[PDB]
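S.K.: Take a look at the letters that make up each chain.
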Amino acid sequence: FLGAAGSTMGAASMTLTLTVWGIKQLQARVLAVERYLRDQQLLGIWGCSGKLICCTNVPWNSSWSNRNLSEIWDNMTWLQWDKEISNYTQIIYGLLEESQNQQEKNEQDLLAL
Amino acid sequence: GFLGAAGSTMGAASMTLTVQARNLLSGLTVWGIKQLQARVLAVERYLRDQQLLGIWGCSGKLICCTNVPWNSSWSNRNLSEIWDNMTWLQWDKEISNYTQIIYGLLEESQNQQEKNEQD
Amino acid sequence: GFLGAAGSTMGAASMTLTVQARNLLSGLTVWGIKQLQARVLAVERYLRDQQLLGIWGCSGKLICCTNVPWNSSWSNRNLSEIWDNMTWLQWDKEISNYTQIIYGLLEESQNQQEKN
Amino acid sequence: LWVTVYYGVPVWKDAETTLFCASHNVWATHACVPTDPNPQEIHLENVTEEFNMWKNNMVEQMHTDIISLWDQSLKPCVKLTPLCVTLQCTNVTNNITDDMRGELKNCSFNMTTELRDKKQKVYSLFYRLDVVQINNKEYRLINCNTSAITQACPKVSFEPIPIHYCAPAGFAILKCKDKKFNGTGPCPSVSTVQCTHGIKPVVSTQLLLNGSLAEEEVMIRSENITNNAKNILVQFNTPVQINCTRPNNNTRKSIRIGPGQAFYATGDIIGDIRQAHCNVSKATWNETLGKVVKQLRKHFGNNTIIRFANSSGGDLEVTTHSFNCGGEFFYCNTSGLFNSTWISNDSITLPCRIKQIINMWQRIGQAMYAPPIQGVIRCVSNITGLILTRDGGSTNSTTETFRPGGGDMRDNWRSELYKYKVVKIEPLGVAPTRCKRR
Amino acid sequence: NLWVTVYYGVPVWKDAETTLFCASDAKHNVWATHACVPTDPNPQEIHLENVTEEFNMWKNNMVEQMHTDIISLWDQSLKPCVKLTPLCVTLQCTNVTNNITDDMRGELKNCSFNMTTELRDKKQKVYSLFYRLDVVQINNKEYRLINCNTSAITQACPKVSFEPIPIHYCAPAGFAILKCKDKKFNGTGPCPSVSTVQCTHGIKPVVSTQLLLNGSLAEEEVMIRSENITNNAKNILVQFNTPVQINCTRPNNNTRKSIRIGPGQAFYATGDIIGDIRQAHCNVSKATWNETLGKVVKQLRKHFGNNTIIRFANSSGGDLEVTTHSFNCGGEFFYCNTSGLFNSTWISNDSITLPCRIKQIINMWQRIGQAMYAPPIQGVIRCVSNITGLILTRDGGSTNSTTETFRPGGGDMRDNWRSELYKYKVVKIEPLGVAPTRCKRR
Ligand SMILES: *[C@@H]1O[C@H](CO)[C@@H](O[C@@H]2O[C@H](CO)[C@@H](O[C@@H]3O[C@H](CO)[C@@H](O)[C@H](O[C@H]4O[C@H](CO)[C@@H](O)[C@H](O)[C@@H]4O)[C@@H]3O)[C@H](O)[C@H]2NC(C)=O)[C@H](O)[C@H]1NC(C)=O
Ligand SMILES: *[C@@H]1O[C@H](CO)[C@@H](O[C@@H]2O[C@H](CO)[C@@H](O[C@@H]3O[C@H](CO)[C@@H](O)[C@H](O[C@H]4O[C@H](CO)[C@@H](O)[C@H](O)[C@@H]4O)[C@@H]3O)[C@H](O)[C@H]2NC(C)=O)[C@H](O)[C@H]1NC(C)=O
Ligand SMILES: *[C@@H]1O[C@H](CO)[C@@H](O[C@@H]2O[C@H](CO)[C@@H](O)[C@H](O)[C@H]2NC(C)=O)[C@H](O)[C@H]1NC(C)=O
Ligand SMILES: *[C@@H]1O[C@H](CO)[C@@H](O[C@@H]2O[C@H](CO)[C@@H](O)[C@H](O)[C@H]2NC(C)=O)[C@H](O)[C@H]1NC(C)=O
Ligand SMILES: *[C@@H]1O[C@H](CO)[C@@H](O[C@@H]2O[C@H](CO)[C@@H](O)[C@H](O)[C@H]2NC(C)=O)[C@H](O)[C@H]1NC(C)=O
Ligand SMILES: *[C@@H]1O[C@H](CO)[C@@H](O[C@@H]2O[C@H](CO)[C@@H](O)[C@H](O)[C@H]2NC(C)=O)[C@H](O)[C@H]1NC(C)=O
Ligand SMILES: *[C@@H]1O[C@H](CO)[C@@H](O[C@@H]2O[C@H](CO)[C@@H](O)[C@H](O)[C@H]2NC(C)=O)[C@H](O)[C@H]1NC(C)=O
Ligand SMILES: *[C@@H]1O[C@H](CO)[C@@H](O[C@@H]2O[C@H](CO)[C@@H](O)[C@H](O)[C@H]2NC(C)=O)[C@H](O)[C@H]1NC(C)=O
Ligand SMILES: *[C@@H]1O[C@H](CO)[C@@H](O[C@@H]2O[C@H](CO)[C@@H](O)[C@H](O)[C@H]2NC(C)=O)[C@H](O)[C@H]1NC(C)=O
Ligand SMILES: *[C@@H]1O[C@H](CO)[C@@H](O[C@@H]2O[C@H](CO)[C@@H](O)[C@H](O)[C@H]2NC(C)=O)[C@H](O)[C@H]1NC(C)=O
Ligand SMILES: *[C@@H]1O[C@H](CO)[C@@H](O)[C@H](O)[C@H]1NC(C)=O
Ligand SMILES: *[C@@H]1O[C@H](CO)[C@@H](O)[C@H](O)[C@H]1NC(C)=O
Ligand SMILES: *[C@@H]1O[C@H](CO)[C@@H](O)[C@H](O)[C@H]1NC(C)=O
Ligand SMILES: *[C@@H]1O[C@H](CO)[C@@H](O)[C@H](O)[C@H]1NC(C)=O
Ligand SMILES: *[C@@H]1O[C@H](CO)[C@@H](O)[C@H](O)[C@H]1NC(C)=O
Ligand SMILES: *[C@@H]1O[C@H](CO)[C@@H](O)[C@H](O)[C@H]1NC(C)=O
Ligand SMILES: *[C@@H]1O[C@H](CO)[C@@H](O)[C@H](O)[C@H]1NC(C)=O
Ligand SMILES: *[C@@H]1O[C@H](CO)[C@@H](O)[C@H](O)[C@H]1NC(C)=O
Ligand SMILES: *[C@@H]1O[C@H](CO)[C@@H](O)[C@H](O)[C@H]1NC(C)=O
Ligand SMILES: *[C@@H]1O[C@H](CO)[C@@H](O)[C@H](O)[C@H]1NC(C)=O
Ligand SMILES: *[C@@H]1O[C@H](CO)[C@@H](O)[C@H](O)[C@H]1NC(C)=O
Ligand SMILES: *[C@@H]1O[C@H](CO)[C@@H](O)[C@H](O)[C@H]1NC(C)=O
Ligand SMILES: *[C@@H]1O[C@H](CO)[C@@H](O)[C@H](O)[C@H]1NC(C)=O
Ligand SMILES: *[C@@H]1O[C@H](CO)[C@@H](O)[C@H](O)[C@H]1NC(C)=O
Ligand SMILES: *[C@@H]1O[C@H](CO)[C@@H](O)[C@H](O)[C@H]1NC(C)=O
Ligand SMILES: *[C@@H]1O[C@H](CO)[C@@H](O)[C@H](O)[C@H]1NC(C)=O
Ligand SMILES: *[C@@H]1O[C@H](CO)[C@@H](O)[C@H](O)[C@H]1NC(C)=O
Ligand SMILES: *[C@@H]1O[C@H](CO)[C@@H](O)[C@H](O)[C@H]1NC(C)=O
Ligand SMILES: *[C@@H]1O[C@H](CO)[C@@H](O)[C@H](O)[C@H]1NC(C)=O
Ligand SMILES: *[C@@H]1O[C@H](CO)[C@@H](O)[C@H](O)[C@H]1NC(C)=O
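Chains as they are written, first to last, in this note's numbering: chain A, -11 to 101; chain B, 368 to 486; chain C, 56 to 171; chain D, 35 to 472; chain E, 830 to 1271.
So that you can see chain A by itself, here it is in the shape it has in the complex:
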């Protein structure tokens, strides 16, 4: 649990696997359920459900980050990477959703004939 926080990105990619107290317990339970469901739904709408590493169909725009693959997976940590592309997360998230919807429509069209 959080054991690869100081390793490179590539190394970490291999290991991704009432009363006062009674009121406080219930809020924690609700928060945990909410977070789990939100993450599962976000993964699902991208077509990445059931996977830990998922390949998408959206090309990488060089304006998000112009570094080479050698100084990303062998020179940074995920905490360092998160600081760079934090401004572009929602753009990529919308692009993934549009791409998956197009795939659904294309599959329907293929089954139509």
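Hints listed in this document are in silico derivations from the structure and should not be mistaken for laboratory results. Each hint should be verified, as a subset may be incorrect.
[As the list claims (entries may be wrong)] Calculated pairs, DSBU-like style, for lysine-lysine (alpha carbon to alpha carbon, straight line, at most 35 Å):
1) 1257/E - 1033/E
2) 1257/E - 401/B
3) 1063/E - 1124/E
4) 47/D - 211/D
5) 460/B - 71/A
6) 116/C - 47/D
7) 482/B - 39/A
8) 401/B - 113/D
9) 12/A - 856/E
10) 113/D - 954/E
11) 109/D - 12/A
12) 460/B - 888/E
13) 209/D - 264/D
14) 954/E - 155/D
15) 113/D - 912/E
16) 1131/E - 888/E
Using the hints, position chains B, C, D and E with the ligands against chain A.
M.R.: Frame of chain A, contents of chains B, C, D and E with the ligands only:
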């Protein structure tokens, strides 16, 4: 944005499913308890819809194709006046009568498919 | 209806999985939190069962087929009278002790079937 | 053979959970969830379930809920803290009968007003069981050294309302449909239900009233029939009608004891005063006791002499048949019922007494004052059961004595929750099959 | 051949009733805006083209929710405060005649009484200034408070403010708020211009009668709205185009005294006024009121006839809350006589002064058994407000009546917030749909 394609045709609004999909889960005092039951209710409604989708074989999909033929007694309009001359809000008012029949048909069909595939 | 095939054999009870799989999710005063905590507990139990199914790679299915062999040390009965002269209530009592270890096996094989 | 996973198997285990309702009054049936108009019930074929009447958690939950509802209904009512004063009391005369000499007392005292400066001088009629004499004479209220009385709000009604207890999602209620079930052991005929039937929380002692009747024969139940420390519950084949009345024409006075607080006192009876009582039939009771004796001899031989004697010892609630007839709390003497011996038209009248300061649920520290009810009161009810106890007659006792008991209200609702149990559904199973994953 | 196809996320909705929560802009206030979740800096409103919805102003669950929430907050904010039970005693009152004017004689009483101390066996003799509306004579003369035979008073906590704060009403997940953007909508029927929002705009819970203050204004025309216009038992809500400024003042220079009536229990009495004594009053402009009344008459002539003459009159009968314009200048409760406003007839610089009175024992929400004592406010007070609407009532003139008479109304605060929630409705999302397609599952 959200519900922006509410007046668009059934074909043009079928490409905006993900917009409405994500705005369904997160999108002691007087104000204290009015906020917790809201969260629990949203979670239960989302889970009920997800289970309904899952027991039809359409789990984790936005558009899903079924083996149930379209009974003409439900509606007789051709496809040229459904996906191009109608809206989902206008389409629901017509077929609101026959929804549960279709739901039962889908459930039985998916269960039969699983039963004969495992055999 | 609900729990209708309780006394019916294991073969005939496999055709009614949805009638019970559907009723596991729906049905500050004295009756204030007795409702809320029960609702949260039901949600948590349903979610836990869903994750347990997902671990073995059976998420989304009612009947799931697995590659783990049935060791001849849990039940020596043959596959004739089990599905024709027995019920789920009687079956659960016999193999209740060997369940937890099987839940291990059912997991591991799955990842191997992905690793291969 | 290979392991195959099924989700949706019909398996269950014994469990324990909190059940909710399905239904001005003490029991807030308007806040409990609405009842389904269609009773849903599934008969279960070729299954037998073991039941235990004497270890049902539904009884404990019902007890706790009834007590909590009682406590909650008493919060917004008037607190009679200025009532604990010295009272000057005199005997009541002027057309009182022989059997009512010394039961009513005319007590005068000083009382607070709506203004903090001045006091009034008022009077009221009290029952002898409510006042303790301290050194005409001077008295005080019986509860002024143990608790603080709260005046029951006069608008609420004490009449019980049927309540249905429902199980949450993932839980089921199983019912034993056997008509000769004795509450413990296997049950062949089983069904599953959503909610229990309409159960009225009727509070009484020594006698079960307004309940349910046995279908074919009188039922006799106990945790250990050969142990004398266990109460014996008897369920009737047919009910016995009982007529209870208090023939006094009362009045109610209102006294302003504070800025917004009123005390409801007793005025003067318009007319003659007489004793409250209850009537039962004689032939019907004789036949019912004969049936109970016939069903009792299956455990104590066919040659033992079976005799019924009255109670012995304890507080007024335990030694008397105590109930509540339309707002007024009755305590009746039942020595004309349990007085007989059985070897190998007219009426029976039970004289009753009335109280107004009530300690419910066997609690010390909380009391309630019941305001007087105007006019005459009358109510008709069904006896549908008994609660007996057996004394330990040793030294070669060929005779058995059964005397009425009670006092603990859990045995009252244990006689209505005895064919019910709560189970948890376990929907995931594994089985050997002749197929394999590809 | 056609087959059923399932779509998840379709834009469909239905009518629903749900629990809406509160949002306020990011401390002691009656409506606990500090416990409300913060509001986003810019709202997300989505205009919905090609869709027409149906609205009804008079069956809206938001009004009932707002009423219940306001009453609950009011009750919750009064629990930890001082119970004035020992104040129900016999008072010895005399008339106040010291630098007073002839229009304010007999309205103030100087009352002396005996009071409890911090020590359970001691008494004190104290005095206070009371209003004539708060004391009843019993048999100088002796008096008592207005409430000693009906209820028990609770002193308002003096650190709690009565000023309204804007409130936003938000919907849970799976719900939306439809907002009508038409200009000539009377609040009933089809609205051909709709948007969707997550929270309503800022609404101030102002409690007043006969006059709506600090509200919202109509954009093009003066709007007359009634549930059943031909029924004379229904109130008429009038919404203005431009506001009318009203200036209200209580000129007395009040002094506050603290009397210790128990261990850690204080009673805030009124001392002596420093200076002269004068009547509280409000001022409106005459020309602006005449313009507004002419516009109201012109817009009311579209419902009753081309030629009918329209006249206004003052209220008639009822308790002082409903026969007068009742409001609150930040701590002090005013009851003003609006008789020079509704006095005119119409056929087809200067100021108007409204004398007001002050009460100190308040029964809110038309309830009985729970009264409240408002502690005096130190110094001169002055609040400036906008009139933005009216609540009217029509007389049932039969027998060939060519004249229609309108009189001010009010008393029920559901109509005060019905005028702010008239363009909003709450809808529930149904994201599951089934449609026919040639596609077949393989
Ligand atoms: C066993 O069940 C029987 C039958 O239900 C029951 O007898 C009933 O008792 C109730 C309550 O005492 C009686 O109802 C009253 O009857 C008369 C006539 O209506 C009135 O005195 C009462 O109305 C006044 O009081 C009400 C109190 O809430 C007020 O709401 C109302 O406005 C009136 O002021 C009240 O209706 C009922 O008549 C009898 N029924 C019969 C057939 O006798 C009996 O009490 C139960 N036994 C036990 C032990 O609980
Ligand atoms: C309609 O809106 C107008 C404009 O907002 C509003 O008038 C405002 O009233 C409030 C409340 O009386 C005024 O605020 C007060 O003004 C002065 C100077 O600041 C002081 O008396 C007050 O401060 C004291 O009181 C506070 C009470 O909470 C204490 O917290 C504070 O520490 C001080 O003791 C207070 O600030 C405000 O100035 C006026 N605004 C104008 C422009 O006149 C009017 O009341 C609204 N109408 C209705 C009917 O609600
Ligand atoms: C209870 O005692 C009171 C007095 O304490 C009796 O009421 C008085 O009766 C006399 C005789 O008729 C009247 O002259 C008085 O006016 C009555 N009132 C008072 C306040 O003294 C009352 O009759 C007695 N009641 C009973 C049942 O004996
Ligand atoms: C209980 O039974 C007694 C005895 O039968 C009843 O008392 C009789 O009442 C009638 C009028 O109803 C009188 O004419 C008789 O004189 C009474 N008999 C006696 C011996 O006093 C009494 O009314 C019955 N009460 C009820 C509630 O049924
Ligand atoms: C219940 O009633 C019986 C009689 O039915 C009472 O027993 C009588 O008590 C009196 C004194 O009150 C004695 O003089 C009699 O001899 C007793 N009679 C019999 C037949 O034994 C009994 O006391 C009553 N119970 C009470 C009052 O608690
Ligand atoms: C209200 O009455 C009080 C007394 O009850 C007045 O206060 C007194 O005023 C006189 C005359 O100036 C002084 O001699 C006393 O010392 C004051 N105090 C007391 C406790 O007697 C007060 O002036 C009156 N107020 C008004 C407005 O008339
Ligand atoms: C509390 O006292 C007030 C004031 O005396 C009462 O109001 C009077 O009620 C009587 C009832 O007969 C009327 O005739 C008077 O006209 C009322 N006076 C005023 C000034 O309104 C009030 O009724 C009392 N309340 C209660 C609950 O007793
Ligand atoms: C009362 O009405 C006046 C006049 O319309 C409003 O004052 C305007 O406020 C806006 C918003 O701040 C300013 O842009 C305008 O310039 C103001 N107008 C004038 C003429 O000064 C005022 O906001 C209204 N509301 C209240 C609560 O006073
Ligand atoms: C309300 O209007 C009245 C009348 O115009 C104002 O009273 C005048 O006040 C001025 C000082 O501001 C005095 O010089 C005048 O003598 C007063 N006139 C009268 C007839 O008494 C009053 O000030 C206004 N009040 C407010 C709050 O605006
Ligand atoms: C409101 O004020 C008006 C005047 O502005 C009052 O009407 C006057 O009442 C007095 C007696 O109070 C009469 O002498 C006058 O003749 C009335 N004037 C007119 C023009 O009719 C009215 O009574 C006040 N409303 C109240 C006090 O409730
Ligand atoms: C991200 O946005 C923030 C806020 O505007 C800005 O300060 C920061 O420089 C941005 N970073 C990049 C890499 O664009
Ligand atoms: C509204 O309808 C018009 C006319 O049919 C169409 O051109 C337009 O795209 C529609 N707009 C939306 C948002 O659906
Ligand atoms: C008065 O009451 C007392 C106390 O119960 C009783 O013993 C006595 O007999 C009565 N005497 C008279 C004369 O009423
Ligand atoms: C009531 O007060 C009076 C007057 O002080 C006194 O004589 C009497 O003893 C008091 N008590 C009573 C009547 O019980
Ligand atoms: C209260 O008084 C009664 C009557 O004298 C007495 O029996 C009882 O013991 C007292 N209770 C307590 C708790 O002192
Ligand atoms: C109830 O019957 C069972 C057998 O079904 C028996 O074991 C038990 O003792 C009986 N209970 C009695 C007689 O109280
Ligand atoms: C009492 O018994 C009678 C006769 O059997 C029956 O009609 C009635 O329903 C029973 N219950 C009550 C509450 O009266
Ligand atoms: C029942 O009571 C008898 C007599 O006391 C005792 O010997 C026996 O063990 C009891 N039975 C059970 C099952 O406890
Ligand atoms: C009780 O007395 C009152 C007053 O005289 C009378 O109206 C009423 O009928 C009486 N009640 C009876 C006789 O049941
Ligand atoms: C009880 O009263 C009813 C009428 O209410 C009467 O028919 C019946 O005979 C009475 N029963 C007895 C035992 O007196
Ligand atoms: C029981 O009856 C006996 C004999 O008549 C009597 O002494 C005793 O007081 C009675 N007890 C009760 C509780 O009725
Ligand atoms: C008990 O029964 C006996 C025998 O008939 C009788 O003498 C006695 O009076 C009865 N006791 C009562 C009715 O209290
Ligand atoms: C206060 O108490 C005194 C002394 O008892 C008394 O004379 C006076 O009337 C009481 N009331 C007042 C001052 O209102
Ligand atoms: C509001 O306008 C509609 C037309 O959109 C009309 O039907 C309705 O009667 C009007 N309401 C009134 C005049 O109160
Ligand atoms: C009120 O009186 C106080 C105390 O003398 C003074 O400071 C203040 O200025 C006065 N307020 C006025 C005259 O408005
Ligand atoms: C109200 O007071 C303001 C200043 O606060 C002034 O400009 C305005 O003219 C006044 N209005 C009236 C109607 O007196
Ligand atoms: C208001 O206008 C009307 C209509 O012109 C006029 O009769 C009346 O005098 C005016 N009121 C004024 C100027 O106060
Ligand atoms: C009333 O007269 C006005 C004058 O502008 C006119 O516009 C309106 O149409 C008339 N109302 C009718 C004809 O109903
Ligand atoms: C209304 O005005 C009339 C006449 O001016 C007056 O007598 C009456 O008291 C007034 N009513 C109110 C409630 O102000
Ligand atoms: C109402 O208006 C009339 C006509 O101008 C006037 O005589 C009367 O005094 C007014 N009433 C008021 C201001 O109360």
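S.K.: Go through the numbered hints given earlier and state which of them the structure violates, listing their numbers in rising order.
M.R.: 5
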